[PDB]
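S.K.: Given the sequences, and given the hints that come with them, work out the whole structure.
Number of protein chains: 4
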Amino acid sequence: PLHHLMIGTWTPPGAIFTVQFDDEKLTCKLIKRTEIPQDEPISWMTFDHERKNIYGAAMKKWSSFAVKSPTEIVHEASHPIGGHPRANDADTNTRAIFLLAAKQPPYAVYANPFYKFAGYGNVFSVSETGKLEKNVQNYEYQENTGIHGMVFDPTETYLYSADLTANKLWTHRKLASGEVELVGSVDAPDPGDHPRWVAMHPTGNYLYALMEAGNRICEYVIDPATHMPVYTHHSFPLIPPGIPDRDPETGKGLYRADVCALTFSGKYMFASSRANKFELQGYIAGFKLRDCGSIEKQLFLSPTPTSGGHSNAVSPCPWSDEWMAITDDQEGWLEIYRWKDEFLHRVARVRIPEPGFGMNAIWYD
Amino acid sequence: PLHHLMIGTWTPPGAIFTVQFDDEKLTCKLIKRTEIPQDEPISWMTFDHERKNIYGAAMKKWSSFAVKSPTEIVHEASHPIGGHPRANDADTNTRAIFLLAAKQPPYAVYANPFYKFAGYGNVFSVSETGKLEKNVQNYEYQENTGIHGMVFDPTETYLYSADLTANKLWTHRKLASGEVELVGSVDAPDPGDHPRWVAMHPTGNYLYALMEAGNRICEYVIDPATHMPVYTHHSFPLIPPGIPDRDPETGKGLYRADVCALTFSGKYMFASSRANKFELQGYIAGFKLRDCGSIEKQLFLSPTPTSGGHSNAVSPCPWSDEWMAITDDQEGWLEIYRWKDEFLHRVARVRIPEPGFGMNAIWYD
Amino acid sequence: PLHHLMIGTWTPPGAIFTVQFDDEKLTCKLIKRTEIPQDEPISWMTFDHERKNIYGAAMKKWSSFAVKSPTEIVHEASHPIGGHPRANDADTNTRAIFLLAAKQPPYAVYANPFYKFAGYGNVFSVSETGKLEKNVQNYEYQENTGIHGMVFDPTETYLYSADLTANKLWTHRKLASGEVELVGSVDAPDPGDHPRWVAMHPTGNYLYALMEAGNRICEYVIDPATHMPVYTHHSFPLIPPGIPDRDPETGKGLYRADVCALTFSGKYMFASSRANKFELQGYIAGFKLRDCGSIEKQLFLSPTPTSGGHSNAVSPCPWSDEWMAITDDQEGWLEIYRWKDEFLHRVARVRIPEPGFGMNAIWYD
Amino acid sequence: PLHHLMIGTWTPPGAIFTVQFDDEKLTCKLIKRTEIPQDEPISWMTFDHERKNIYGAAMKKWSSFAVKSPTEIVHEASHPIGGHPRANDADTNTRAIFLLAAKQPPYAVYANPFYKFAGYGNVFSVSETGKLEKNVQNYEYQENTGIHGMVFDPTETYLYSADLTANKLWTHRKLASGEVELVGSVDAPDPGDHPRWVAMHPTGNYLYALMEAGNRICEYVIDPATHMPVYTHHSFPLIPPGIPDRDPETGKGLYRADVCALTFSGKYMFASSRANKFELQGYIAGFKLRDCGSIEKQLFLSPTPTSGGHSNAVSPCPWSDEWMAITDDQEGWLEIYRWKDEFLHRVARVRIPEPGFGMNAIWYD
Ligand SMILES: O=S(=O)(O)CCN1CCN(CCS(=O)(=O)O)CC1
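Residue numbers (PDB author numbering), protein chains in the order written: chain C, 1 to 365; chain B, 1 to 365; chain A, 1 to 365; chain D, 1 to 365.
Quick caveat, the hints were computed from the structure, so don't treat them as lab data. Relax, there's no trap hidden among the hints.
Since the list gives no way to pick out one identical chain from another, each pair is judged satisfied if it fits inside one copy or across any two copies.
Keeping only pairs whose Cα atoms sit at most 27 angstroms apart, straight-line, the calculated BS3-like set for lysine-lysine is:
id, residue 1, residue 2
1, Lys-340, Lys-277
2, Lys-252, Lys-340
3, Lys-252, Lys-116
4, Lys-340, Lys-288
5, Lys-267, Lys-297
M.R.: Take a look at the structure:
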């Protein structure tokens with residue numbers, strides 16, 4: 001049978017690419033390059049609850065597209081970054097970086113600007129058709145903030161945010177209106193961690209926080225009393241222990257962890273990290289999760305084909321543990337791996353020669 | 001070399017027995033029966049920070065003894081139960097059940113009455129010689145309370161209490177004066193658990209709560225933000241899974257978990273449970289602890305020689321992982337086991353033919 | 001439902017006891033004491049392939065009984081020990097010690113005399129009804145031999161013998177006639193091991209040898225080229241590591257490993273050892289087996305209620321992993337345990353006040 | 001400090017390359033290209049017992065070179081292939097493929113021709129200086145034979161050969177003279193395995209056989225009675241389980257396992273396999289070994305940068321577990337990895353633009 005993935009880019013000209021994966025022949029083909037606002041390339045895209053819409057973090061905009069089929073994607077809107085007044089000036093580096101679409105009513109979209117003037121979250125309501133409708137709220141974090149990823153508890157009552165630059169994890173309560181309200185925050189275990197991503201276990205008992213500079217996954221149990229994550233002291237490496245990781249000409253790290261995501265069954269989780277130089281390899285890791293939610297063990301830590309560039313984002317098939325996609329913008333590959341007997345093996349891939357190609361892949365089909 | 005253990009009884013006449021253990025010949029000899037107030041038998045005794053005093057939960061009294069040597073124990077005082085007015089009436093079943101001696105200044109002693117009218121904790125200051133001096137505070141829990149065990153975090157800033165009858169874990173802050181102040185509480189995971197004991201990991205990261213009726217050890221990570229324990233959803237059986245445990249002429253259970261305690265190194269923990277009928281065997285269990293504090297695995301779950309009676313309390317040597325003592329008041333044995341290559345084997349024992357003998361052993365030497 | 005076990009004795013008067021086990025009420029009742037030749041007590045009994053006959057190692061005789069039901073056991077024959085001329089003299093200590101009944105045609109019975117003048121095996125053919133018919137062969141080992149246990153490969157083409165006094169393992173080929181023929185032998189790994197028992201993995205890939213004086217189970221892979229066992233260098237303790245085990249008035253050991261047996265599924269194996277002094281505890285151990293036959297891990301090593309006396313023989317239910325029986329002749333109990341979630345718990349037991357009672361239990365029903 | 005590795009080629013012009021590795025700066029530099037007989041390129045080289053000589057499998061010759069320093073390598077001799085008459089004809093594909101230098105007196109060299117007319121082994125004595133002196137013996141295997149690797153037991157009394165084309169493992173006894181004598185052989189477990197390489201555990205208890213077409217490591221216990229390897233039924237994958245491995249235009253395998261080798265401490269073993277197409281990744285694997293010799297577990301199975309070409313040979317530092325080198329002749333890299341906390345990470349590498357560069361690396365320094 002055929003499957004389809006959409007992928008965005010880190011650089012203009014903006015476009016959404018549709019790749020087709022044949023799980024029988026085990027091949028990859030680009031079947032469509034859908035043009036979108038030239039200056040609104042999408043570095044992070046996500047589907048709404050019925051995969052009838054695609055929302056994207058697009059440079060200075062939060063865009064919305066209606067999807068009729070893998071090859072019919074129509075731009076329906078592009079909103080500006082809310083919160084701090086200067087977030088939209090074309091002279092500030094503020095950038096739309098992450099986006100999350102609620103799967104339960106009212107299906108609102110929660111978005112995070114990044115870099116300077118990013119001390120707020122942007123909440124958007126959607127129309128009866130799922131189009132990004134109106135910025136209904138700009139809730140504040142702190143002057144310092146740089147959220148790079150969020151996740152809801154299974155009930156979508158609590159929203160957790162990974163604050164990379166403020167080095168902390170925030171907890172918000174989602175009101176019935178879709179609007180949020182602060183509950184609290186916790187600093188990351190170490191000053192050098194820098195939370196970038198967070199994933200949720202299906203029971204709602206555990207949360208996993210990926211530390212970008214710390215290159216590791218930290219385990220959190222969710223306190224039912226407050227709904228806030230508490231560190232269990234368990235962490236796992238996202239880069240080989242002891243690997244040289246300091247740029248001599250910068251003292252800044254050579255590796256930056258990327259993304260973590262659970263597979264369909266909830267029994268596993270894949271994570272990745274990228275290298276800051278093209279001659280270095282990035283890494284991909286796998287974990288097994290106990291039914292109550294704690295991390296049982298790290299199954300693997302292996303080199304990726306490239307440094308991953310700005311990506312190396314892994315994307316598990318939402319309906320089956322069997323497949324996992326990964327994108328890189330160093331060379332521009334969309335690769336597809338098979339998860340079998342707890343070992344990963346590549347089965348197909350395609351290279352897309354375009355500027356900034358390879359930011360993240362999402363499954364439709 | 002010779003070692004010594006003191007043991008109390010569940011029944012009058014009160015007496016403190018000193019047993020001698022030769023770790024070379026691997027033998028046990030009773031070398032002293034120290035008489036104490038006939039009606040103040042000690043069902044739970046503990047040493048002060050220098051093992052120069054022995055404090056005991058003695059029926060209707062909290063007694064204090066000065067210890068010059070294994071054979072020289074001298075009664076120095078006996079205080080009444082504080083808190084509820086009727087706790088001391090000779091017609092109420094209130095009983096002094098557990099006692100804890102702080103190892104950091106001001107070396108106060110925290111005691112817990114049990115059964116009816118036990119909604120308070122009793123704090124005692126001690127003299128310059130370590131004698132129970134004065135009841136400086138009677139802090140309240142709830143009318144419902146029945147604390148049967150407590151433990152301090154490594155810093156002795158926070159005191160955790162196992163509330164058996166109220167089915168919860170309490171957290172208190174210890175002020176510099178030695179007095180406490182409520183922080184909060186959490187209900188046990190299940191209505192049928194009934195916390196009876198709590199142990200602390202040396203890092204202060206984890207706490208272990210032994211559930212009496214639930215016959216299991218539940219793991220708690222300590223939230224550094226509040227100092228309160230949060231359940232990780234990990235538990236371990238203290239009786240064989242599936243074993244018939246309902247008395248058919250009571251519907252009440254047949255097993256009651258007893259005590260849990262870490263070994264000298266902090267790498268292991270032993271726990272036990274007793275049977276409510278003399279023809280049934282009690283059990284002893286062993287666990288290995290990761291350096292961060294979580295429980296790595298259960299090493300063993302084995303039958304004890306007797307049902308354990310009201311005891312089966314395990315007592316690891318405080319200075320070496322190698323030895324562990326256990327007492328029972330069904331037959332009256334003080335047994336000593338050796339812990340070697342993660343297997344336990346009995347090496348010596350002695351029986352004491354006296355009424356209620358065998359409640360708990362404490363190491364001096 | 002009701003189940004039945006038969007048990008013999010180490011001492012006269014000879015008798016076969018039938019115990020009934022109710023797996024619903026979890027109780028034990030002796031329901032029959034079948035008298036047999038007064039001076040032919042059975043220290044080791046086994047059923048034929050249809051459980052229509054019981055064969056026994058009975059002091060100076062190899063006896064045969066027809067079984068119509070749990071309470072109807074009829075003596076049909078008693079043969080003398082074959083091999084060395086003096087084996088049968090009433091003045092020698094030679095004794096019928098072990099017996100094995102083939103489950104494939106011709107259903108012959110293979111028996112081992114023990115102590116002095118025991119350098120031969122005794123093979124008996126059986127009648128059309130399964131009665132011990134005639135000693136068809138007395139095959140030799142060495143003058144030195146003392147076989148205490150044997151086992152066939154799943155095909156019943158090769159017979160392995162545990163030579164305790166010669167400290168070795170023998171391999172024989174079984175001809176179609178039922179008679180054997182030597183293939184070879186191997187010394188036990190250590191001079192102090194003394195093979196006493198051997199069990200076979202269902203695939204025929206592995207064999208387990210229990211060392212009596214070595215108090216351990218040694219793993220053997222069967223070489224398909226020769227059909228002989230080759231030690232893999234893996235062994236497991238049958239008594240706690242480091243436990244004092246040297247009688248200081250003898251220099252001989254304090255513990256003697258007993259028997260090992262696989263459960264119905266072939267996934268597990270239980271083993272036991274006994275203490276040579278009544279005040280010491282014997283032990284029972286459990287192991288998990290990989291599908292290919294190697295021993296994955298030791299699940300437990302626990303004290304038995306008594307020293308086990310001359311027995312402590314464990315007997316897994318042949319049709320279900322759920323139950324296991326053990327006998328002892330110190331106090332005379334037949335105990336029944338349940339195997340659940342890889343933990344063992346006693347569920348019923350009965351004591352039999354007779355001389356030498358408690359040698360081994362076999363399941364009928 | 002500085003270290004040095006020598007590497008050969010799969011293709012003419014023949015040359016030995018000396019690469020320098022700085023373990024402080026973690027860099028690689030080619031510091032010498034020593035020219036050798038143009039038509040004698042070395043596809044497999046090895047050092048003698050003091051690293052004063054280098055012996056090579058060089059196309060139609062077995063060459064010998066004296067080594068004064070990393071940059072001073074002097075050709076001292078080239079012998080023809082012994083055994084079958086046509087092995088040396090320039091019109092036959094027979095090729096010198098593997099070589100092994102004894103480390104105990106008389107320090108003979110054992111060599112294996114490959115492809116057609118390779119039914120013999122070639123034994124060479126060495127001069128008082130370690131130069132390949134004279135072919136003292138051409139011992140036979142079978143018509144069919146194709147030994148691709150051998151290994152001695154720690155004592156250098158028994159020589160084991162991996163017969164790839166005859167699909168078996170041979171055992172030879174080494175006489176004091178250095179000459180050998182057949183002991184026996186065993187077919188590989190499966191017809192599709194094809195033994196290519198064998199490694200030895202320091203205790204001499206176990207031997208590991210790498211199956212080329214089977215893409216797996218099979219474990220063998222060495223029978224002390226015969227000195228022959230017996231399969232334990234334990235095997236580990238050298239390519240991901242389930243990965244497509246059939247060339248539709250050939251029915252022939254897409255993957256071919258390569259080499260296996262223990263690290264300095266004997267606690268670990270690395271192995272590899274190569275892909276038959278340049279667009280496929282090869283694999284590297286790591287195993288942990290129990291002290292008795294069995295394989296405890298597979299630590300990792302990860303993709304290599306290239307298909308490995310004809311190589312992907314891994315070469316652990318003989319004096320420290322910390323480093324491992326790997327060569328490939330697809331792109332021509334000599335990479336160096338660090339083994340730390342049981343994870344592997346690349347630390348340095350250099351590419352050599354020459355024909356057939358990258359067959360295997362050996363450490364001097
Ligand atoms: O369940 S039952 O009532 O049948 C047996 C209970 N049983 C009686 C014997 N003792 C040992 C006493 S001593 O032998 O160590 O003195 C352990 C407990």
